[PDB]
Structures are given as structure tokens and as C-alpha cells.
Amino acid sequence: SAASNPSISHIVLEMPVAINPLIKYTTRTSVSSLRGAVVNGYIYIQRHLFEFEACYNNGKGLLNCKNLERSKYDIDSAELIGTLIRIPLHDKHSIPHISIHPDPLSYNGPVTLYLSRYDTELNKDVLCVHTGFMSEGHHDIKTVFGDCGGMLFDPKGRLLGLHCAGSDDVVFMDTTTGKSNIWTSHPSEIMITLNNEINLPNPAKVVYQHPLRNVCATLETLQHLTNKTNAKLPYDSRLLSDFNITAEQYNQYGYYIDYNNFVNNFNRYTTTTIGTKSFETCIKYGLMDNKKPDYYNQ
Amino acid sequence: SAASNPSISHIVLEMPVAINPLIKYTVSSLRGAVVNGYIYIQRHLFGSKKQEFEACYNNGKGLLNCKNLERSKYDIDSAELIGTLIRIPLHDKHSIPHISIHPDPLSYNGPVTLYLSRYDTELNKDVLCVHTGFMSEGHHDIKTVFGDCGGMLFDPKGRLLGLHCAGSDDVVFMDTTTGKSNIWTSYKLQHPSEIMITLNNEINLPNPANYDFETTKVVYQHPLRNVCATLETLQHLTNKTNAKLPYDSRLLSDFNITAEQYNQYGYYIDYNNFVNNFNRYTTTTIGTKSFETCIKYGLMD
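Sequence lines, in order, name chains A and B. Counted the way the deposited numbering counts, the first sequence spans residues 1 to 50, 56 to 190, 195 to 213, 221 to 314. Counted the way the deposited numbering counts, the second sequence spans residues 1 to 26, 31 to 305.
If you are wondering where the hints come from, they were derived from the structure by calculation, not from laboratory data. Check before you lean on any hint, since a few could be wrong.
Dumping the calculated BS3-like pairs for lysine-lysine here, alpha-carbon to alpha-carbon at most 30 Å [claimed, not checked]:
#	chain 1	residue 1	chain 2	residue 2
1	B	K53	A	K308
2	A	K307	B	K54
3	A	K77	A	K65
4	B	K192	A	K307
5	A	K97	A	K129
6	B	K97	A	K24
7	B	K161	B	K54
8	A	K308	B	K54
To list a few chain B residues with every Cβ distance to chain A over 12 Å, as calculated [said to hold, decoys possible]:
#	residue
9	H10
10	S52
11	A59
12	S111
13	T148
14	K184
15	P212
16	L241
17	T289
Some chain A residues close to chain B (C-beta under 10 Å, calculated; not the full set) [what the hints assert, rightly or not]:
#	residue
18	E14
19	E126
20	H195
C-beta: ideal position from N, C-alpha, C; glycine also.
Pulled out of the complex, with its shape left as it was, chain A reads as follows:
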């Protein structure tokens, strides 16, 4: 129901499907493919389209790629930037330019994923949009390997980066201490920025500190579960090890928590819904209470 659908408002983007071309690397006996992203005069293609050095061959491997025409792209000027291959367009505005988020790995909140697909009903290549949530370069929009190169945007239409990789499951611990935490007892979807930033160690098993979460939404959720009257309660340092929430953030948002109550009821609280919202949904988007009239708020 509407009680549990975050119903995030995303600004509608108008972009040609050509901004996200399917690129195919072929040999006599095999094919590999993913999408490129044409951003502000350059196309960006991730390394695993192509063992790599021999196939990429210092850019020479680009000549064996379909939908990577020399008339469109300055192949000779292709640059290997870490996990990204960046190639200039001959006409830098043949694809319209787009807004870029100024600090994408610091973004936390709702996102969209845009992907080119061929629609068999409409009989044409079309851009497809998908909604979800991201926390510092990690998101929850389901992908397959070919979807590498899909484009991720914030709700204002600013580009965050490109879908890059994922995993069937992650392991959890307090990575700031190397100690197991409450979560040690969830697939990953990962983004790369146009400057080759990935929020993973040695990116050239995935370890998360906690499930995807928004700090304010988590505090709201935990307060609801453990302290319904929101009576003042001291900060618990396990908020730091279990949720990476600092004492400063705790005081800032004003949601007070009885954290022992959360620990002592951890299984029930993480397997039963709040209303009809899953715990994992609540800590991303908040409790989605029915909006009060604008004049009643202060």
C-alpha cells in the first residue's frame, strides 16, 4: 500500500537512448558486452568489457568492438583511467551534456538507474528508468553483468556515476575496528564515479559495515522500536560500531534510543515489519508517517 511505498519524487530526465550504447567486444569464438556511458563529450566503458592487457592491447582492442565507430569516437585518443576507458567523441555535443553531482560518493538517499534496452513491444531501443536507494556508492537496484555502464542519478537529475559490479552476498563487520558487529550474523550493487572512484578497498568478498541505511531514517526507526515516547536517553557507542552513527549525529537529529532494547530484541525487530514496512526499508527511507498539514508543522 501507499503506507510502505517510499514514492520518491524523481526529476524526469530527457536523454537520447544513444547516451547509453550497448558495446560488444567480439573474437572469432566469443562475445562480451556492456553499456558505455556518453557523458559530456566522452564515452566511458569499463575494463571488464575485455587477460585484460592482451585483449585491450593498449587501446587497440577497441577496433574489435561493435557500436564503437571511428566516425563517432576518437579511438586513437582513448585513455585508460584505472577501471575506466574514456574515449573522446569527435562531436562533443552530438549527445546532449548532463548535470554532474559535485560529490557523488558522499551522496546518501534515493537514486535512479537509467539503462538502454531494446523493447520488443515498441520495436525500438529505449531508455529505461529504475528507482532505488544509494549509500556512498552502494545501491539496491537489481542488475545483471551486462548492466555495467548503466547510469545512476540523484533525484535532482545530477549524475552520480556508473553501475560497476556486484555480488550475491556480502559479509558484515565493524570495518573501522576489524571486529564483528551485530550484522555479522544481502547482495551488493556498486557504483564507480567518472573519476574511477569506487567505495571499495583495492578495487582493481565484499565487506559492509551494515545494511544500506540513511542516518536520520535509522535513528527514527530505532527510536520508534525502542523508545516510543522519545524520552531523552544517552548515546550508545554501539550505534557507531553497528550502524556507523556518531554521537554528534545522534544529538543532531533528536531521536533517542534504548539500544539495549534493540540488541535484546534484535531478531524480532529485524524480521518483523513496522506497520507493513520491512526493517531494511525503514532504515533507508524512514517511517513514512502520514504528512501533517503544512501549517501544523514547525
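Following the hints, position chain B against chain A.
Here is chain B on its own, set in the frame of chain A:
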């Protein structure tokens, strides 16, 4: 995580924000919808009580008191009250691009988008905004406020289903085919309604004449659900080996699922086990998915 995000693919629509203008009667406001040469404005812009509506609309004279309804854009003199919709021809046909129309909107069941104009105070301009959710026969789950009436609902291929028109904070549940209580009558979790009207004045409500002036509570037979998804979820909960079991007629009264549909999809259910674990099953997640999400979208396996 991605394990619980349905991640539905929606085709990106290229429409100008002018397709969904905010109309202000001065002050009350809602969105108009510009569809294939006409703008459609829900009448209750002028009031949600019949006598108040007639006096304010004044056989169209009230259109003169509306902001963002300039005479240069719309043929106000040719405005027609078409049921609960006011329809006005645009002076410039094809100034706003035409859109595809779903041939049978109230039969649609599955993912949807809601498109709404918003004024962005950062960008200092009007922008078109998209929202994702799910619909079952003219009832959907995208959270709205009253001013959002006139939002435009599309299927995943970009076919117009209709306009957002009404809703409520909660519904009551009954077997609306018999007047008897069913298992959801006992349900105590809040279930808001969000409701659509087609451009041809079709709405999925009982006694739909003057629905917009009605004060009645909204009555549902069951939560929003897709038949196949519901059967898949119930089989997972009650019968993990999927051993053959006969149809339970309570599926019809509790979920409006027929014996034919049950036979068709091949998901066998121990319905007694669902009944006996009703509260548990409707408050416990499957993996990390809520029950209400599972019966809309399936188990995503």
C-alpha cells in the same frame, strides 16, 4: 538490498512539464492533464460538495477565476463538463506531444508510474517528476496529497492509464461480493487507498456517480495484489515442496483468486496453514521482503 527492491524497468517518457499544469482557483489547486488536444481538469477544483461546485464552476464562468489557465492557451468558451471531468480544447493542437492510451486501463495489474509537475525552488522552474509503484484495477500504492489529483498514471511501456483522483488514510476490508466478513476484516495494519479515474469517466468504486462528493469510507476486499505473485507467496509460506493440494474456496473470498487461476499457475497452497498463521505471515518478512510487497511483485528469486 537488491534482494527486496523489485527494480521495475519503466520506459522513459519524453513529455514537457506543460502536460500537467497546476491550476489555481482563487485558493484551491490541482493538476490539469493535457491529453491529445484537450486539458482535463477534475471538477472538484471548484468544490467537493455538489452545491458549492455548481455555484463556483458557474457553468464554466468560474474558469475565468483560474490561474495558469490563460485564454491564449485554452478555448475556455468551448469547455465542457464531461461527468466529473472538465474538458477544454487546446487552441494549439500538438503544441503538447500526444501520448499513447492504454486500451483497457481498469483491467491493468502491475507496476505503474505517476507523473506530476512540481515547482522546484532550487532550479526556480517547473519540472516534471516521476514516481514508481503498483496498481491493481484502478487502485495504486503511490503516496499522494490532495493537491496531487490530476497526476498522470502510466503503465511500464508509457501507455496512459488515467489520472490520480482520490484516496484515503485507511480502508476497511470485507468480501464485497457477498457482504460477509473475510480474513482481512480482522486486519489491523493501516492500508491507505489511492484511486484512479480514466479520461472516459470510468472508476473502480461502488456507486461511482458523484464519487468525488461522497463521504463514504473506502472498502477493499483485500490488499493490493497480483494473482500470480500472491499464489507464489502463499505456496512458499504454506507448502514448500509444492505438493499437489486442492483449491481452497477461501482463496476467492480472501484474495479474489479463482479455482481456474489456482489451477493455471501451478502453485499449490495449504490454506489452513495461512489462516492459522495469519498474523505471523502478514507481519514477518520473507527474506527481507514484506508480505504486502511479495503479493504485488512476487518473491524475486
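Do the hints match the structure? See the list:
{"no.": "1", "hint": "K53(B) with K308(A)", "in the structure": "holds, 23 Å"}
{"no.": "2", "hint": "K307(A) with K54(B)", "in the structure": "holds, 27 Å"}
{"no.": "3", "hint": "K77(A) with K65(A)", "in the structure": "holds, 16 Å"}
{"no.": "4", "hint": "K192(B) with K307(A)", "in the structure": "holds, 20 Å"}
{"no.": "5", "hint": "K97(A) with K129(A)", "in the structure": "holds, 25 Å"}
{"no.": "6", "hint": "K97(B) with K24(A)", "in the structure": "violated, 43 Å"}
{"no.": "7", "hint": "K161(B) with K54(B)", "in the structure": "violated, 37 Å"}
{"no.": "8", "hint": "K308(A) with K54(B)", "in the structure": "holds, 27 Å"}
{"no.": "9", "hint": "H10", "in the structure": "violated, 5 Å"}
{"no.": "10", "hint": "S52", "in the structure": "holds, 16 Å"}
{"no.": "11", "hint": "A59", "in the structure": "holds, 26 Å"}
{"no.": "12", "hint": "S111", "in the structure": "holds, 17 Å"}
{"no.": "13", "hint": "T148", "in the structure": "violated, 7 Å"}
{"no.": "14", "hint": "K184", "in the structure": "holds, 23 Å"}
{"no.": "15", "hint": "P212", "in the structure": "holds, 21 Å"}
{"no.": "16", "hint": "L241", "in the structure": "holds, 14 Å"}
{"no.": "17", "hint": "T289", "in the structure": "violated, 5 Å"}
{"no.": "18", "hint": "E14", "in the structure": "holds, 5 Å"}
{"no.": "19", "hint": "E126", "in the structure": "holds, 6 Å"}
{"no.": "20", "hint": "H195", "in the structure": "holds, 4 Å"}
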